[PDB]
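Given as structure tokens, the chain that follows is alone and in the form deposited without the named molecule.
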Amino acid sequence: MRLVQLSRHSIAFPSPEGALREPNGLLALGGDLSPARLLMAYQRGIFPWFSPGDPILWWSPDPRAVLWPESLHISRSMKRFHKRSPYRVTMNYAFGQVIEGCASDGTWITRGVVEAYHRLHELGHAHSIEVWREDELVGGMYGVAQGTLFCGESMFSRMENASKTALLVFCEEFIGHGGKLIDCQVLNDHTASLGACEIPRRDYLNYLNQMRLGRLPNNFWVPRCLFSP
């Protein structure tokens, strides 16, 4: 259309300020899902999002949905449930099973996307949070790190409050160690109930430019247990 067709031979992107207003944030088309290109996209406030059979579409919406971790809304019923939680939460124990659980929920997460994000996980840039009921994976979430900003991709839940448990535990661990913001891309009723809000894209890009240079502790993303029953 009037979108920039990307090079199959370079990973540059047009500035997000140039995205379309309708559909909100559509910025470029094509390219590939190579690691360097995905990392360049996130670094600049862009993410791929397209349905099976579509060309790759890249986006940077205005406003941008974000979740300040200290503003996660946890209901009193959830507070009571978590006090007696039947779950164990871990980080980076089973990225493959987590993205698979999201995709089997997650129609935009095709085989190519799964492979692309698993590559990012192996390269140390994409991370999963797993929720277990004994030895059964019952929920989780994954995303891409950008310094002290975490870009949420998807989550899944196969047992009551499982995904909520992942987010609650992750937010506590993240904020306690220096994390500052979780990107949610677009607001919807679920994440809104969890406390997500909208900020102008300009402000989001400004937070990103500062935070991508920030660092969490050296071993913050090493596979480990975060919460036990």
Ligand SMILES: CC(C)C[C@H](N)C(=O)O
Contents of the next structure:
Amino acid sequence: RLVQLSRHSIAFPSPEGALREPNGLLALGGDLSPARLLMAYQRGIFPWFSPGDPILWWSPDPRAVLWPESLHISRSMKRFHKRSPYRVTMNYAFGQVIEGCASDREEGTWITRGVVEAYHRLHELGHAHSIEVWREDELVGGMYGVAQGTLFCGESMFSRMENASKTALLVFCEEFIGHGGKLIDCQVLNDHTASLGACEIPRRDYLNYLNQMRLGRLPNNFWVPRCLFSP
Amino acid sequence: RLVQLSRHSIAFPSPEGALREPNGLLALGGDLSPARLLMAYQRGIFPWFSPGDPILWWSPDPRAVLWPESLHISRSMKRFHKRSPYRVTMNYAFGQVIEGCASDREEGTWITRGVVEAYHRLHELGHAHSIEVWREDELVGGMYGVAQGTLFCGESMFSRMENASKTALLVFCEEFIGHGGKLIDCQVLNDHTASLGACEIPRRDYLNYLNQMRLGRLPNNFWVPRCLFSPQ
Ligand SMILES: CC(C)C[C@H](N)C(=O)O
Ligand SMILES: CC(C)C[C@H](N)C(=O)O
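Switching from the form deposited without the named molecule: structure of the form deposited with the named molecule bound?
Whole complex next, starting from this chain.
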């Protein structure tokens, strides 16, 4: 299997052909052009690879996902948010947010300048979005991802101050479900993501949901840059 | 005659009182704010002016239009599309399409940073849409415009590869016709648009349709980003 892409085509092989180990490895090569990424997200595929390696494309089985309404907020966090010291915005500083996720030397080490430029293009074309957390005038956290109708693909999140991440995710979810949102894609289940309510589901089911929710929509102004939470 | 708009009011004068030559010159000034732009379209007025000049608003008589079903496709163009090398999408890259038209260097030269931002806002707001044509991984054409119910005002289109904009309009028309689309506004006829089957009707007639179709409605999700046609 494992198809090798090229500049001559933006089409990917079927997700069902992905490898078992590593989980979901479907293709390598191509580029991070706006059209190829959209095609990918449209088919439940996403790019991830370490700096120095060719572009690797995935669609694991199972797929880690998060039902907005199932977001788990600790009793402590709720008390924290009740008197939150942060304010949350939407699409105010995408560059800073993705650069925030990049600078942390962990899972975000895969975010190279090439990746940053690629997603900043999707954000400029209106498909990639960011939620920003502010402490005074400083960005202390947030998250970003690619929208797919009523489905949201969460690429990553970062935090430079206690409870910043949870805040962005807490408020976003309220906003999301409040206006039609139905699902958040987390790709691969991990400890932190699992502690927040993320659960695994068969890839085939994820695909069902995806081509089902990508043709849906949220209010015309749902992604317009604005303030989301401010006491 | 012809009025100076004000940053104060977002209202327009009766299109029927426009000049004959230059055809349709109705007003000047104002700004390109969403509210005002959206209002002009509602009234069958559109902005057009060269860099350096003040905003100019127009409503020509006659008006150029295109009945979707009457789109003319040559026999060799059908042969081409039958085995098409292009991919067509909706709202995948409005900014790139508009910049593509601005780069035309013929008359896309009126499209300044200001005009681009103004139409970008209407896109952000969901009133302006684009149709992209891809060849492999490259954007080779497309068109963008403002939706007005079952009426669509085609602002402009561009081509970087043979038959690109024709397949853009061909695929769009099929999509548009299939879900309730009634008319495409072309503003002012030009050899190319004329070969595609566009024609001229009296301004009072166009306005008549406009006021009828702006009430019409297409599927609630007609404009969400998606692929409309995939090559083979
Ligand atoms: C919303 C989150 C699931 C985003 C990203 N997948 C992460 O693990 O941080
Ligand atoms: C897109 C076309 C059908 C209309 C546009 N005004 C043009 O002449 O390019």
